[PDB]
Amino acid sequence: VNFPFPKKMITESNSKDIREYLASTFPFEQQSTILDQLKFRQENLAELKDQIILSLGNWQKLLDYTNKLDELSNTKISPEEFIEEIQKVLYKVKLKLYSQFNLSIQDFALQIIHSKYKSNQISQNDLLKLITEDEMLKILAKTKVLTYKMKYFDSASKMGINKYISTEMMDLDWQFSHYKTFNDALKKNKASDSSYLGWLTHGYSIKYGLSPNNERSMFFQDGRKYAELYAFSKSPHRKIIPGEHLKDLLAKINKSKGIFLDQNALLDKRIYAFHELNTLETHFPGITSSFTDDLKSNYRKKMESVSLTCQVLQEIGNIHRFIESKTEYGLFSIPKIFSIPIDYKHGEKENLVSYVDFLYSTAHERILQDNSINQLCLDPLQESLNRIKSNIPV
Amino acid sequence: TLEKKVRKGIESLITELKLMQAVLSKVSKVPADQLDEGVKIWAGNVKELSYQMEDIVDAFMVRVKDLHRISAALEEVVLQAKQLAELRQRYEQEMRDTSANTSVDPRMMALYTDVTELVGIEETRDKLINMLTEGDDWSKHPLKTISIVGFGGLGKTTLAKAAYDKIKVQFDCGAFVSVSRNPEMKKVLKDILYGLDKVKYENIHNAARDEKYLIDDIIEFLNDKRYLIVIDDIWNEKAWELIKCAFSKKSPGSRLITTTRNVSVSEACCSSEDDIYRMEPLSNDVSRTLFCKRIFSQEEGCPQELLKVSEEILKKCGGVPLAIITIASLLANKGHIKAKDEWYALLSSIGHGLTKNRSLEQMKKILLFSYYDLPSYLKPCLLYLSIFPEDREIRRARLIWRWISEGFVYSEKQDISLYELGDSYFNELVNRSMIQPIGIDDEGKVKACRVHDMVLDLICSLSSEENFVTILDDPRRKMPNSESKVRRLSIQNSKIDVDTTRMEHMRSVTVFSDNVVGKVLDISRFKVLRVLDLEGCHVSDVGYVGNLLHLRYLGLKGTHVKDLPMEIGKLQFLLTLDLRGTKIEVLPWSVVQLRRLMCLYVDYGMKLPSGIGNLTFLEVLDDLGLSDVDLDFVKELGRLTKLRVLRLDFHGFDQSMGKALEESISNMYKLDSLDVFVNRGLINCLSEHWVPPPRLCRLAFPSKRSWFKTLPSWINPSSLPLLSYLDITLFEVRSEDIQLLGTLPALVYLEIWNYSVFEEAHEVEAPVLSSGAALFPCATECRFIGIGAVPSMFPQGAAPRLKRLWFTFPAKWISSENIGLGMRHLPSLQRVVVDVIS
Ligand SMILES: Nc1ncnc2c1ncn2[C@@H]1O[C@H](COP(=O)(O)OP(=O)(O)OP(=O)(O)O)[C@@H](O)[C@H]1O
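Read top to bottom, the protein sequences are chains C and B. Using full-length UniProt numbering, the letters of the first sequence map in sequence onto residues 128 to 163, 182 to 202, 209 to 246, 253 to 483, 490 to 557. Using full-length UniProt numbering, the letters of the second sequence map in sequence onto residues 24 to 87, 115 to 888.
Some hints could be false.
[Said to hold, decoys possible] Dumping the calculated DSS-like pairs for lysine-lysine here, alpha-carbon to alpha-carbon at most 27 Å: (1) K853(B) / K391(C); (2) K426(C) / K685(B); (3) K347(C) / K862(B); (4) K409(C) / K211(B); (5) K194(C) / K184(C); (6) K364(C) / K633(B); (7) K633(B) / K253(C); (8) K577(B) / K657(B); (9) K685(B) / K720(B); (10) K320(C) / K633(B); (11) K396(C) / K300(B); (12) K300(B) / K211(B); (13) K497(B) / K528(B); (14) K414(C) / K607(B).
Simulated from the structure, these hints should not be mistaken for laboratory data.
Construct the complete structure from the given sequences, taking the supplied hints into account.
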């Protein structure tokens, strides 16, 4: 079906029409909108060993650390020692089914610290003194991308949203909501370390197949890159008169910028170039600031126009992950006690199909139009609009 | 027994070689016009024989079944040498009355050209006038020289004559005198004498006194006068010093001008870099005006359809006011012979076949002058430049390693690294004004080199008449009429004729940015191969090398190589091994078996097997990965006391074993540069009690998140006085650290990072240069990060040469009086922007 643009209007006395339902419903509690509780994880803290005991026969350390994490979950320990207790498993395990449960060991253990911080059980300065640690940055930047591909990548590919997975929009997920503190509290004090951890995170993301390619990545997986990256982050005049190993970086970034500005070429490498250049721009502002080329190519607004579609498609995929569940929510994400049955809900007819029209109207309101952009913005958005209007009744 | 006869023939063979390079060196000196055809053909054949016996001796050397093959080969080669002897001897004649007159100078009538013809010569003639006549006022300043260095025919005698014509009536004497490649000193001095007075010294060319009495005469004639002599085209400065003594008396108000094609002889004059006058190619607009002056009538917009051809061709000349004259005169026989077709034919022809034309060879002699003036052991170095494509930068390190691997560098003094010898060859090529250098790499020296376009095709032709190289280009699409005798092949964009049937003796082969490799070409069929170059390819199949024995150079930069075979130990002879940009992440154990090597451009991602100290001959190592390593292997690094340049990054051994390696470093004394990379930590490697190697120049530090506590004590003007590069970062800062650093002799490059300012709540203080006056005799590049360097460290007489400066400036000091600038310092200290902090 070739559904046209759902022309609507989100004005005063209409934002609270639906967000009020979103202010209390099961989804959107850990999310937000672009128009602008501990028992849930505790039940998984009980379900932590649903199947570990089934195949203990090698497979004993999984249950050995399982009950240890269960003990550490509910027991109250001073912050000066809780980190030492929890790091015993973190610094011990090195690395198919094994890792399928090893990640759940690491992922659930780290969620405790943020939960205690939300309850003011852990001092903020104590958290600061441990987040600056080098190894834990590598632990988190690895476990996030591993956990996402554990559950959401299986269903993302089928919908066709796999090609539009962006690393910098991962905190917006309801499950990965605790990262907001790890981001803002870290950037407020040590802002450089935020770009540092993002630079690492995209680096592991590239080589795990999130943004795969047959050619090497000349921007990541090398400490010497960050040397110049941080050198220009302080002196605002080291790029106008650059040293060597920096003309090379400019030559590899402007080439990708021209690739992005190109029209006919294959699209997957535009996707790869986008997921690189947006990361470098958001973490290292003023690194592709070609003051002459961008103005006569409308690059500054083109990047934002092609960026907004990613969040739009993420929200559409979230709605799809909600409709059929009423497991696409992901393994170890929703406990069976709080599971969602199959029955249709009356509140969906007033807050879901209407909200889709609001979302598409908000998508079709300030995005510029260009034939190159249309292949990047108009075509995928129209495909999503066609797909979203063929499944709501069923 | 049997081997004894072969080995006793080998020395006879090598003597035969030495004789043949003797005679070939003798013949190649003369230009290829005075040579008769018999001698040319004989030389052509003896060169091929030279290749054959070099092949035989190399094969015998690498091997020791084979004895009988070597025997047959040497016997037959002796047979062709013996035959060719009387083939030459059969046809000789004397012809006593063959005295053809010597050729005139090709660039003489060029001196006789119209004054109202040259364009753009202005605003350079005036500048060269007032860079020396500014002292003509108060005409009592001591005499000085101003040399002019250039290349090709960019125009040096022209401007010398121009300055030699305007400011003359204010002088008593003067002489414009030329010098050839092999001058006669008495001839030159007679030339000077006749140029001073033609009356008393009318028939001065007749008398033959001696080299000395006429020198006394010219010295006597130069009393109480200002001469202003100019001498041009002087080569091999040993000539210059003889004339120099003729100017040895005090003479206020005089001076002289010199031109030459070698900068390595101009610095022998004028005792200062301020008096050297570099000359540069003309600008695009002036070149366009000159180009349209000749061909077109008075205006250039008439075609409006070959314009793009015009600027496309004109950039090939670059700025040389010789090519833009030659092509302008060639292309218009009488008013645009035809349109856009011969222009395309000409554009295609350049690079491979443009030189062979009419009224053009009168210009190529002026360029082959430089090639002929080269000594031996340097002609192959220049002719090696034809391999690489037309417009591509060439890293000097690649050239040096290729030369050494080929075998063009050797000596018998045992005091030479055999690598700085290659650097010497490269610098000799550069100072002859015949290669353009660019950049300054991590070695502290030039990054890469570029070759002029028409010079490139000219040397291509010179290498083409023999079989020095072979090029496969689609505008050329030519193959020599003998597939057998091909040694060097430089494959390029052409991907059609990749036939490999008949090159058994294949010296070297290279591919440039082509996907045709592998799917069409086979390398394993080359029984012998000196160097292999495959950088930029997209093939990972290099596992047939075990079938090959004679490789020296092995370049695999950016090749998508996943793995390399375990059978690489068979390559006992090898000099270089570059693996940067490859997918392989662990080297095979069969590198202990290797014996000879000097450079290993490896990436820290890969794993180095234990037993590295065996490679005693190793001379430079790059980007070594030091993580999870046992202490014995760490100490193995101090075993090899020959390494010069080492690059280290690491994440996983910050223990006392760091100090174990720290003193292990001092076991070596051949160092010249070093650098250490580590992430956001205090430097737990270097102690304050550790003697450094005596020779150190660079000592960089790429990391900026890590820091030292303070300035190390072992840095002192006492030890390591050879530094020309600093690159330090540390936590704190002291106003005495700068004072200490100001005592070191050179310190050309300075870059200091203050960690606490850009990472902790600290205010940029103002360090004070307390002791001394200058502390910086020569510091062109100085960088201060997070440290306040006001312009008033000292009056202008502190840093004579300083082009660049960087420091941080608080906004609170705006109302202060410690920023008291406004004067112009001695160096070009007028281009600066300061990072200001609120
Ligand atoms: N502005 C100009 N306009 C026209 N022709 C020029 C101009 N400048 C130089 N030329 C030409 O360039 C040549 C000058 O050569 P140049 O002065 O370099 O000679 P040189 O010093 O004897 O040695 P070499 O040519 O080897 O450097 C002449 O052909 C001259 O006509």
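Outcome of the hint check:
no. : hint              : verdict
1   : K853(B) / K391(C) : holds, 22 Å
2   : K426(C) / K685(B) : violated, 46 Å
3   : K347(C) / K862(B) : holds, 25 Å
4   : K409(C) / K211(B) : violated, 48 Å
5   : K194(C) / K184(C) : holds, 17 Å
6   : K364(C) / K633(B) : holds, 13 Å
7   : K633(B) / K253(C) : holds, 25 Å
8   : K577(B) / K657(B) : violated, 32 Å
9   : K685(B) / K720(B) : holds, 18 Å
10  : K320(C) / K633(B) : holds, 25 Å
11  : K396(C) / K300(B) : violated, 52 Å
12  : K300(B) / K211(B) : holds, 26 Å
13  : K497(B) / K528(B) : violated, 34 Å
14  : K414(C) / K607(B) : holds, 25 Å
When the structure is compared with the earlier hints, violations turn up for hints 2, 4, 8, 11, 13 and for no others.
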